[PDB]
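Colleague: The chain contents come next:
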Amino acid sequence: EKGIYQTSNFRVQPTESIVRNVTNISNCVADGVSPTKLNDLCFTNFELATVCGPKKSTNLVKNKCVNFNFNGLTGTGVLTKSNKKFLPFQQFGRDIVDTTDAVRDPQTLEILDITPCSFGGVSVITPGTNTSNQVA
Amino acid sequence: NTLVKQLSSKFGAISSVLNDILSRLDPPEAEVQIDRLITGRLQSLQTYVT
Amino acid sequence: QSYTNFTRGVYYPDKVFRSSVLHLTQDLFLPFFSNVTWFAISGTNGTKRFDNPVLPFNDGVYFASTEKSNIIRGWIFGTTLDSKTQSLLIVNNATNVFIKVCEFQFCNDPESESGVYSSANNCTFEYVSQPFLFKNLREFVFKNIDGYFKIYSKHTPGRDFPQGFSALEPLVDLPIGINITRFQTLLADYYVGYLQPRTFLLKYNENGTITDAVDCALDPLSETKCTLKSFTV
Ligand SMILES: *[C@@H]1O[C@H](CO)[C@@H](O)[C@H](O)[C@H]1NC(C)=O
Ligand SMILES: *[C@@H]1O[C@H](CO)[C@@H](O)[C@H](O)[C@H]1NC(C)=O
Ligand SMILES: *[C@@H]1O[C@H](CO)[C@@H](O)[C@H](O)[C@H]1NC(C)=O
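Line order of the protein sequences matches chains H, S and Z.
For the first sequence, counting from 1, position 62 maps to 62 in our numbering; every step adds exactly one.
For the second sequence, counting from 1, position 20 maps to 20 in our numbering; every step adds exactly one.
For the third sequence, counting from 1, position 4 maps to 4 in our numbering; every step adds exactly one.
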């Protein structure tokens, strides 16, 4: 029938991943968890900082929806240069509802703001199928 | 604000983050922890809508 | 000597940046208006210039050093503190801070240029960091968790203690699985209090510096402020 209907949701997909330099228990590459592969996890001390399993570092991608992993903190979002002033101790930023909105880059220590990649409702405007099959 | 804060709740789960559950547990166990979180979030949405 | 009017000892509970928020957190903190022993007690003004007493280490301890001349040199954290077990020896050098986990009976404890040497046997960890160094207050919090010894501090450049609020920053996080129940302060004055589990409302400004705090259990108004997550009711 003629009208506007909400049918789904649009999301922007990430196009690439970011993985962020010790190749050597502390300050070593490792090699609670029921899978047999523990090499993709970073273990604080195992008790889920250091002793993180092997991974290959990548370049830092900005202004695009990307999948990031910064010393075990993972997520999907858009990384931009931050205007926030972190203390040298602080590694992550949080919002008023306790979600992550900033990280420091493990290498070069750049402060990056994380904006989620855009999403929203899908609404279809239909003249009615008894009139036309063209929709907006 | 309440609705978004409830996403951080564990509801008795090992972790409130689905990616941590999938990364730490073999699927037959991950499904149990995920289902627990599904129940918690779905109840939160039903409460919000009501 | 009881010095109980104190309302200092707040520290950053984690390595997380927050901007213009009030964060309600349950952690180990020095209660506001707790009894902070004022060290008449110190050995150099005690009997024959010696015997600074050994204090308990209950869950964690707040310590502050008021000596602008840097006479105070360090701490030993342990249990028996008699070489039977390892103890954590933290000594402030003129150019660095040197942390050892050796077992020994004596160090400074039996005028100028007092010896600082000990048996220093069987260390498994050692750390070296930056030195601590007109009046300034040097505040420290020594907190234990299973597997770690965390030291928080703030060196604030003061005769009168009721100065403005300043939160302590983490100084070092030592992954030392050491059982600590007693500790001794090595002098060659002191404000020492003990931490308790408490909920605090911490005010973070736009730059992420904690500027104020409410101890929820101190009084009814602090409880209302915590309930509403506001410093204004
Ligand atoms: C290795 O990591 C350190 C972390 O501070 C960074 O400063 C350094 O530049 C990194 N090495 C390279 C080659 O980028
Ligand atoms: C620490 O030492 C005390 C000594 O009295 C002992 O009672 C306690 O059980 C010890 N704790 C651990 C975890 O070793
Ligand atoms: C943050 O600190 C800098 C230090 O120079 C200061 O200039 C700036 O105004 C501060 N911002 C706020 C919001 O306090």
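Errors might be hidden in some of the hints.
To be verified - Straight-line distance between alpha carbons at most 30 Å, and here's what the computed DSSO-like set of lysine-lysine pairs gives:
1. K143/Z / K84/Z
2. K56/H / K135/Z
3. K10/S / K229/Z
4. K15/Z / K84/Z
5. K84/Z / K84/H
6. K84/Z / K85/H
No lab work stands behind these hints: they were computed from the structure.
Colleague: All hints, please: hold or fail.
Modeller: Verification of the supplied hints:
1. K143/Z / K84/Z: Answer holds: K143/Z to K84/Z is near 23 Å, not above 30 Å.
2. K56/H / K135/Z: violated (50 Å)
3. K10/S / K229/Z: At roughly 23 Å apart (the allowed maximum being 30 Å), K229/Z and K10/S satisfy the hint.
4. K15/Z / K84/Z: This hinted pair is violated, its Cα atoms lying about 36 Å apart.
5. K84/Z / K84/H: Roughly 50 Å separates the two Cα atoms, so the pair is violated.
6. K84/Z / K85/H: Not OK: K84/Z and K85/H at ~47 Å, beyond 30 Å, violated.
The structure fails hints 2, 4, 5, 6 (numbered hints given earlier, in ascending order).
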